[PDB]
Amino acid sequence: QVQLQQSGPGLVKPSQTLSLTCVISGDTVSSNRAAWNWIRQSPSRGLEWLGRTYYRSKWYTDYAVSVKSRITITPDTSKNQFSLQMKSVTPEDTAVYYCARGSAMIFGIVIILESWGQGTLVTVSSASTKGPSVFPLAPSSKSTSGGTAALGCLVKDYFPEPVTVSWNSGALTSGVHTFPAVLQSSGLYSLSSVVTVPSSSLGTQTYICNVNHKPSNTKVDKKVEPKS
Amino acid sequence: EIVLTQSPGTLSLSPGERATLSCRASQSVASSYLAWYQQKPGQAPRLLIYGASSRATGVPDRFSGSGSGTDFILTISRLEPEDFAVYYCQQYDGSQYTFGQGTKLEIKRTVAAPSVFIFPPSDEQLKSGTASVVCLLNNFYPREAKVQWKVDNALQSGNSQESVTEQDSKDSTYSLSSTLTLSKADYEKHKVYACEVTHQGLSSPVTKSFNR
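Here the protein sequences line up with chains H and L, keeping their order. Residue numbering for the first sequence is 1 to 35, 35A to 35B, 36 to 52, 52A to 52B, 53 to 82, 82A to 82C, 83 to 100, 100A to 100F, 101 to 215, as defined by the deposited numbering. Residue numbering for the second sequence is 1 to 27, 27A, 28 to 211, as defined by the deposited numbering.
No wet-lab data here; the hints were simulated from the structure. Ideal placement from N, C-alpha and C gives every residue a C-beta, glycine not left out. Check before you lean on any hint, since a few could be wrong.
With a Cα cut of at most 20 Å, we get these calculated SDA-like pairs of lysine to any residue [what the hints assert, rightly or not]:
1. H:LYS210 with L:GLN124
2. H:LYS214 with L:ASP122
3. L:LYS190 with H:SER128
4. L:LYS107 with L:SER76
5. H:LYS129 with L:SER76
6. L:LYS39 with H:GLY162
7. L:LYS39 with H:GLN3
8. L:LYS183 with H:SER173
9. H:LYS214 with L:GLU187
10. H:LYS129 with L:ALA112
11. H:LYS206 with H:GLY157
If you want the ones that stay clear, here's a sample from chain H, every Cβ over 10 Å from chain L, calculated [what the hints assert, rightly or not]:
12. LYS13
13. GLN16
14. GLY26
15. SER30
16. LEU45
17. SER65
18. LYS82A
19. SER112
20. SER156
21. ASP208
If we strip away everything but chain L, and leave its shape as in the complex, we get:
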């Protein structure tokens, strides 16, 4: 059992820079038996480098691999935005294939403030006894964002759930949903539902609210 371990775990670089990804093996690996794979969101891993330094068919020349023995290196000499992915090294000892845990490559980007939208529950959902209020933070960067629910100015806890999208292929931004779920009876007891958003791209915090 040869354990492969990659460094760093997460890499954040701007397009046009050189990325250098490490794979170090627990014991010596014949260079013929070490490969690199690229995995983009929602897709299977794809062969990038085989035999330590050979480019698979169709792989661009900016990807190259080097190394021997215990230390192997994947280099992307000038990052393109589409290079956002997880990169794995892989070894084969004739009978078993093992992979590293992978290096996640984030594409660094100018700060982008979020667009904030709020959606009251649909009339259809409310007729079923449930009220889901959705606050949408769209196309922002960096990833970190703070969302705060106020109901009739009462700060809310433990009744909302956030979901965050992966870095968008077109613009390297993130998007986030915060969903406040109440019973229909709980929802109708109040008037003002407000979503408050804090993010470094915004001059001052942004509140989106509605009256029932």
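Isolated chain H (complex conformation):
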């Protein structure tokens, strides 16, 4: 039962150094049965393995040719973690980065990436962090369709990705659509999160969108009241 916890989404300026850490629960970083890998994913890199470190009476490393001269991967036995550092980042280093454990699954030889962290989006950009404004998408006669009523929150003008939107502190999940962000002409992102609910519930039930922008540490709860 290994659990890999990665650092939060981050912004790194071009030509500076990317830094990410993977904390291991359910295994030991010095285990002689595992290797500890980093992988990234983006439209231009595809699914790209970056390197690994592992302990076998001494610490070893292997790096992918694509990044061999730019990365280190360093374990930390005092905190049971391993980190990825990548110097001189370019926009092509913008990606979701994953940590992953490699285990010998086919007679002692084949090291297979069998447990993965949840992924960390790293944006390479010179622009500053900005928290979002949250506006209500109020339900009305214009946002009904039969007995169903739609409502949402417009999460506007933030940077960088991502934001997370829940409804009623996670108790409301059915019929929720949170759209992919669009980059606005200002260079700031925007998205809406919508949910459909019974139109009969608008007078009695409370609907609150909970907006979290970890890069700015912005938490916003927005009570969406109907307007007619």
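Guided by the hints, dock chain L onto chain H, whose structure is given.
Coordinates of chain L only, in the frame set by chain H:
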């Protein structure tokens, strides 16, 4: 550097059908060193088949892998709706791991007409000098849809942005937002804001509009 390449790029199949995914390698790969991964939206890749033909722990029996040398095949003998994902093949040469670019599996589904909703700008946003008008097309299939903004019957261009959701887990439908952004001064110069929706599931095009 062994390049792995998957076919097709996108596959659209109905639940209950057999999916056959190819992975062909630039050079011979020992079958012990080829694996398949499944990636569902917002999640990390997950190990499906290892050693070309062995099911990982917990993987259902409808997933199987075969092949040897240069040609490898992942088969889903009877698709379930939850099998919507991207599938990657992967190889390891002892020192480097490479992946295919992936095959996207779309779940085919009965045509579904969109539910159309429109939202005027909130009073709070308008007090800040901006007006965002949102047209919502909810739970439709197939993905293709046409949305047209009219302001006082004037067809609008270059002032709206569309965003489309991934295939919904519960019903394999898509949803789409079209957002018209104006300055507060621009917004208050007009009266009728209208969103017009065209989609093959609809008998005739649907317009949602409001007066300021």
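Hints, verified against the model:
| no. | hint | result |
| --- | --- | --- |
| 1 | H:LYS210 with L:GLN124 | holds, 15 Å |
| 2 | H:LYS214 with L:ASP122 | holds, 10 Å |
| 3 | L:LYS190 with H:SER128 | holds, 17 Å |
| 4 | L:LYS107 with L:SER76 | holds, 16 Å |
| 5 | H:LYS129 with L:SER76 | violated, 45 Å |
| 6 | L:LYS39 with H:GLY162 | holds, 19 Å |
| 7 | L:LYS39 with H:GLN3 | holds, 19 Å |
| 8 | L:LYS183 with H:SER173 | holds, 16 Å |
| 9 | H:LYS214 with L:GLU187 | holds, 19 Å |
| 10 | H:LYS129 with L:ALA112 | holds, 18 Å |
| 11 | H:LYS206 with H:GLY157 | holds, 14 Å |
| 12 | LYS13 | holds, 27 Å |
| 13 | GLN16 | holds, 26 Å |
| 14 | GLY26 | holds, 15 Å |
| 15 | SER30 | holds, 21 Å |
| 16 | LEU45 | violated, 4 Å |
| 17 | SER65 | holds, 15 Å |
| 18 | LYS82A | holds, 21 Å |
| 19 | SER112 | holds, 20 Å |
| 20 | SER156 | holds, 19 Å |
| 21 | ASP208 | holds, 14 Å |
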